[PDB]
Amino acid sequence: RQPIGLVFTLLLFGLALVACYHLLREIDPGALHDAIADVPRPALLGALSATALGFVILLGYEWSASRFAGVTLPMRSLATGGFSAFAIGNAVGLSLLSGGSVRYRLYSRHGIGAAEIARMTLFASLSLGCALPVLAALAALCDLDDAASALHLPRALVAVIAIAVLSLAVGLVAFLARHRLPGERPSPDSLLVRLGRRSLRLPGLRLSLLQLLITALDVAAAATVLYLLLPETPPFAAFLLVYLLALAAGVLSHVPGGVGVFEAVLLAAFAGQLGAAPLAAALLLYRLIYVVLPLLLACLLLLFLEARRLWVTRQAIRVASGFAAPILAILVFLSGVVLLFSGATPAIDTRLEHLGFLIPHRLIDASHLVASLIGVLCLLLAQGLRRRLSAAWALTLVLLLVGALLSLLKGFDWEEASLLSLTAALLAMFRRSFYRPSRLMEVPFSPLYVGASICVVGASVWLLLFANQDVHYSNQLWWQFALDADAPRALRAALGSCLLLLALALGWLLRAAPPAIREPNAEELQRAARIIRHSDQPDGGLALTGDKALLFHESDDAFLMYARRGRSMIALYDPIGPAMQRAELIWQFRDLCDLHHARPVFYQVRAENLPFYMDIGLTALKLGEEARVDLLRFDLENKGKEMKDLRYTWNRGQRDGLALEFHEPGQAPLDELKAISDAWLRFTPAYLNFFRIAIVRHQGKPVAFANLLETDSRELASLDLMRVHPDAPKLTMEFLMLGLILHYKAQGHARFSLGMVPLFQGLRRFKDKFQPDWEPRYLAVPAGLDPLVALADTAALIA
């Protein structure tokens, strides 16, 4: 899907650029500049106002999603999440940070579930998507003649299509209303409908109406931003209709911004009626104001909140896995876009004239080319930044400063230089955000990032051909080094960019194959065992089974056991070591899964590492609850119903003649354990002789055994393998672990772990007999929240 999807995305973008070139054949870059200058200042204020209103409406859009999801959030939190998710989501789309990914980060702080947020994301997306046909049909149904003239279709055709769409909408509404199950309601404003296979959660009448009213205002507001920037305007009905169709086309095309396809359609519709230059100026300004501007504001706002959090909560925040890294990848990617577009466009004659006297003329040429190569590097380095490489941080920050300098030496492009500097200043402030010391050369290949770069370089060649159309091409142009020669400086830069990008991408893709997964050897198992001993987490003992691969840190103070099943790679617990080592190992595991084209899954993780799992792009799903008794507050002279039941079990066990013995590793009765294991029925001598075995006996004869996970410290201790005979008494087992607890209380262990119950009722009650302290255990899995998949699933179930 990914490769095909990405290819058909690039084609669409490419075809759209061709379309835009043909539609602006009769216009020169002069006429565009004049058209941009022409639009009055009241119109720009009108646009900016309409933009502000149109982004306030999206907050209410976010509120409705929370009501649907049954999520209570503070107003300031909904506001921020509404704005940032819609502002970044609309701009960069899927390429970099998406709407869902923003929502999830932001709304994980308040303890909103991963399921809820997903259901908030889906509702935010689908509600526009599914309203867009209805809104369009209605728009066309006012003044059909104008709509017909705009689309250049027969009046009868567009009439029946609109009617058909409305009728189908009504028929669908009536159908899903038919299967409305009464009684139960997930949220105040929701329904649960049934179709036979799956239950489906739909908004209520009131919420559906309200959402449609919000969607209506939002569209209108957005279309109005464009409508005000047009000197001469068509009837608004037809103009809205077209805008909605262009918007649809942009969405379907899966082009990040909608860029190219949107413009192409608008241009197509109103090529002749309005004229190219006014429309093309309006479309550019519309993009800057309604798309780029709120993105920058959102980016800044999120960086600001990050910076604040670092300033106030200095102690709490340690490893830094927040918003700075994605946001700064975006800004650095935009910085590379600026550099590349700047180069394609010719310079101001006045500036070149004067800068010719300050600089050697042949250095202008050199500066111009180098700036364009740095631009390409900036596009690719954006990935490295996203993955929190310190190398990437340093190299970027150098290239931005050199790029800002060569911006001044090129054509005194002080606007480009100012943007690049400002990006550098931001990137600098967040040095600690990029904390991984991995090599840049070991970043896994990302088709998306390569696809994006190719698009940008494509756009820049489109701009080159448009901006330098006044010159007659010739073979000699390539070798002209003058000052007045602006076209040759474009050409050479263009070729340089394309070649470097091609080279890097080939040098990235044609790389050595990654080594195969192998079970650990004796040395590794011994090194794992060492780490486990000099650590807190005893659950790490399962590593020493030697049936699952071990991934070691560079410092070799930490490791992370995992195993490949099907197309996924399941890690068994959190990494084993300090917080920084844990963060580096989680990133290492992402890297390792990306190199093997496998889905990174983490099994049974604690809540303390959930932000790091968020960082590499996983969602925490509530797997099960792990019960662990506290030995500090546990005493055998206390009172309680369950405590009295336990003391009864204990004393009855002692009177019966049950005895408990502890054997250190190496001196275990292997013959007995084998016989017991066989009677019950991994169990290997190598695995068993790593741990201390507690054996309980009934009147001398061994009645059960259990190996004990334990570290050199006394913070925690667990049990993994534990088998009892069918013929053994029922209270013997309960006596056993009670004996284990007593022994650990004598040794002065802080805590003791029993185990995890998933979702079992009998096991849950049995654990609850000791009155333990519960703690949630999560599962980490990738975030598969594609609107299209969900809509296709809904449509399939409905049909």
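Only residues modelled in both forms are compared. Only the largest set of C-alpha atoms that superpose within 1.5 Å between the two forms is called the rigid core. Numbering follows the first chain given and starts at 1. Compared with the form deposited in another entry:
Candidate set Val461, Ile695, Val319, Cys593; criterion, C-alpha shift of 2 Å or more between the two forms after rigid-core fit; matching residue, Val319.
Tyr648: CA moves less than 2 Å between the two forms after rigid-core fitting. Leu791 is among the residues whose C-alpha shifts by 2 Å or more between the two forms once the rigid core is aligned.
With the core held fixed, the Cα of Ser190 is displaced between the two forms by 2 Å or more. Under a 2 Å criterion for C-alpha shift, the consecutive stretches of 3+ residues that differ between the two forms after core superposition lie at 173 to 197, 309 to 313, 315 to 321, 784 to 799.
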Contents of the next structure:
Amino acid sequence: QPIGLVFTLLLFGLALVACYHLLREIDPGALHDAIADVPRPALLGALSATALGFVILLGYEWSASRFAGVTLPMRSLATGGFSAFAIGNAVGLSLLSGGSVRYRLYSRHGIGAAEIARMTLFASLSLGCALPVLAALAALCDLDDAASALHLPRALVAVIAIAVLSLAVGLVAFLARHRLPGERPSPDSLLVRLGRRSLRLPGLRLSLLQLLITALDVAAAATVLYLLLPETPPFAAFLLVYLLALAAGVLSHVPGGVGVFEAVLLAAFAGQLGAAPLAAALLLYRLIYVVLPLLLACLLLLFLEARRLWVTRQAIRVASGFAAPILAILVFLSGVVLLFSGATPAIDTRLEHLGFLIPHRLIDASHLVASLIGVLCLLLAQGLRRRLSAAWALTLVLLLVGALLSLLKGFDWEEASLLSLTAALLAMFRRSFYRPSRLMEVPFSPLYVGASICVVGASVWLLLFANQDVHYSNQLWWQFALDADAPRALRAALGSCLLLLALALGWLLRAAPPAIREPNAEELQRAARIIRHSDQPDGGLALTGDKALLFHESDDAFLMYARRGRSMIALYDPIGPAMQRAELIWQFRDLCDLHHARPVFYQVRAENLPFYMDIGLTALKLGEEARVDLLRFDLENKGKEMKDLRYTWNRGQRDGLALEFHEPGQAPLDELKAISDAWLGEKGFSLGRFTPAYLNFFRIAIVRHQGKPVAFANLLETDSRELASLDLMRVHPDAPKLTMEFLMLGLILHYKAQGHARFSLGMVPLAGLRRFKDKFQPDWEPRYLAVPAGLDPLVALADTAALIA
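One more: the block was the form deposited in one PDB entry; return the form deposited in another entry.
Since only the chain itself is given, any partners or molecules it might have are not part of what comes next.
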């Protein structure tokens, strides 16, 4: 990650340096004239081309879903496609990614995560493989101009295009795919192929349809760029250049490819075209096709939450919504907009009208503080996505003050408005942010600081380009005048850089958090009290004193976890009320980030998946939990399986296998450890160990065979008396097979008599077992294992298996 961040920053800086060289021979007035020279029919055609491209994207998704096999309604599929493609195109995995938004939509719609990951991989690979073939097709079409545009001889371009096409049609199509076609497809359109692992690649018809859709999409994009530009080359060379630029921009991982795409366009069509018309076309195309779609998708997502999850009185903890991660995007956009407006000189007439009413030193101070507030909002955008109440309040106040300072600065209807709208939108979604955590303790990945550095560099580039009329001198910094705008921009840029550097240093020199430690007796007693006050007997595994605890700081909650390698594997869902469960999950996620460790969960209940999703964990079913319902369990009603169970009960009662219950810490121990030794003739994090205090914590039930203790099992209970679960099981080998079933049914009967509504038989792994568990005809619920960002589950499962012993 640090290497990738450094490489991306270096590439962005090189791209900006190259861009400034290419637009060296243009003044801002020429660019403004070129922008104003674009006719209204050109703008209308640009909007129409963007709409057509978005219909084509809807197609992208429809084909991807048909490839995966997931069946979705047309409206839901269209909404998901538009949202994912608008969010992913504007920003690349910086705040929100296409995978994350499509997960948050489809998983809510009730679709497994593996299919969604398949869809995302298929769309990405389809675009990445369609780009080279279309580029080669355009080259084959018009190499006469392609040689001139790219500045290489036509022979080399022709031979490389032909070689690329031949390699694709041979290996990509037949030699490496039809030599090993495969036996059968799982969905309608697939061809699973041999290799190290089976691969899901579409059939010939689906591949042809996807290629046609991608060709139409890139044609629409090149078309909007083409028609927004007055003087144009032939469409084939322009399309080739556009495809190469898109590949270069998306290959650099820069969000939106802003640095390199413009650089390639300006380096390929500089001499043959007009620098001012080309720059105006590039800026207008980016604004129309990237910023406006992002704004529209953000508004649509917030409308969906404001209607489908606010009009109905859900009365639930508002998490996993799109409020936080999209409001963070809006706040980042507001921050970058303020930073950019700081560099550009104000409108002459507006500046004069303002300065004839407000003191000019106030204008300078407002400019500087507005730039600082822009940097602050840009940095606070990270806090909003983590759902911090303090971040919400601070960002709202800063946005309001920034709007006021933009009005006080050179009169700006635009910024002021945009900001007021963002502030109102943030205010309307207060309930999404709930954590009372402190901003100064917020972990910061290098990605966000890199984005901040990139935006600051962009602002300084805009400062250098826009204020090139005024010559540079050391007296500019000391200059203070109303008409002077270059000194203003210089001071604002210097202050923003100083503030950002100070904040980055302060957050980089922070002391490391304390390492994990084994809990002491007081924390064990606290955990026991919390478990007793809760209704999750599965949490009693914390009392073994083998897992670190993360107590919630309000009144009552905890979360067991253990660190293996670079992964902080956790136990079941945090114990406590639902209102504190999400907060504890967020705290655990923050803790893992500070330690640079990947968060991993284990055996997660189906109800809490929204929180695991919104902190950035991918669901993965791994087993089933049997749950015998004690509500009815009638002794008279019988069937094929129930008759043999009561026969077992009768045989055990006749044999003399009477079962006895004991209070906690009051059972014989030497016989119990003898039974355990016989059973094993250690392990943890799933069952526990044989410790006198650990077994003392819970009640112990022992079954006696002709008076001797032969088997026992640990009992988990709660004060709520809602659910009961079994901790660990041990039977002496000399006992008959009748013993285990009799113990099971005796515990079930006692728990039913005591009044407990439900009983738990444990969790059975997914994919020769489960035959014994299903004998008691229980209700079965899924159990999920969460992994971060859809990483490799093999490493996580191997680590859990290694830690289990």
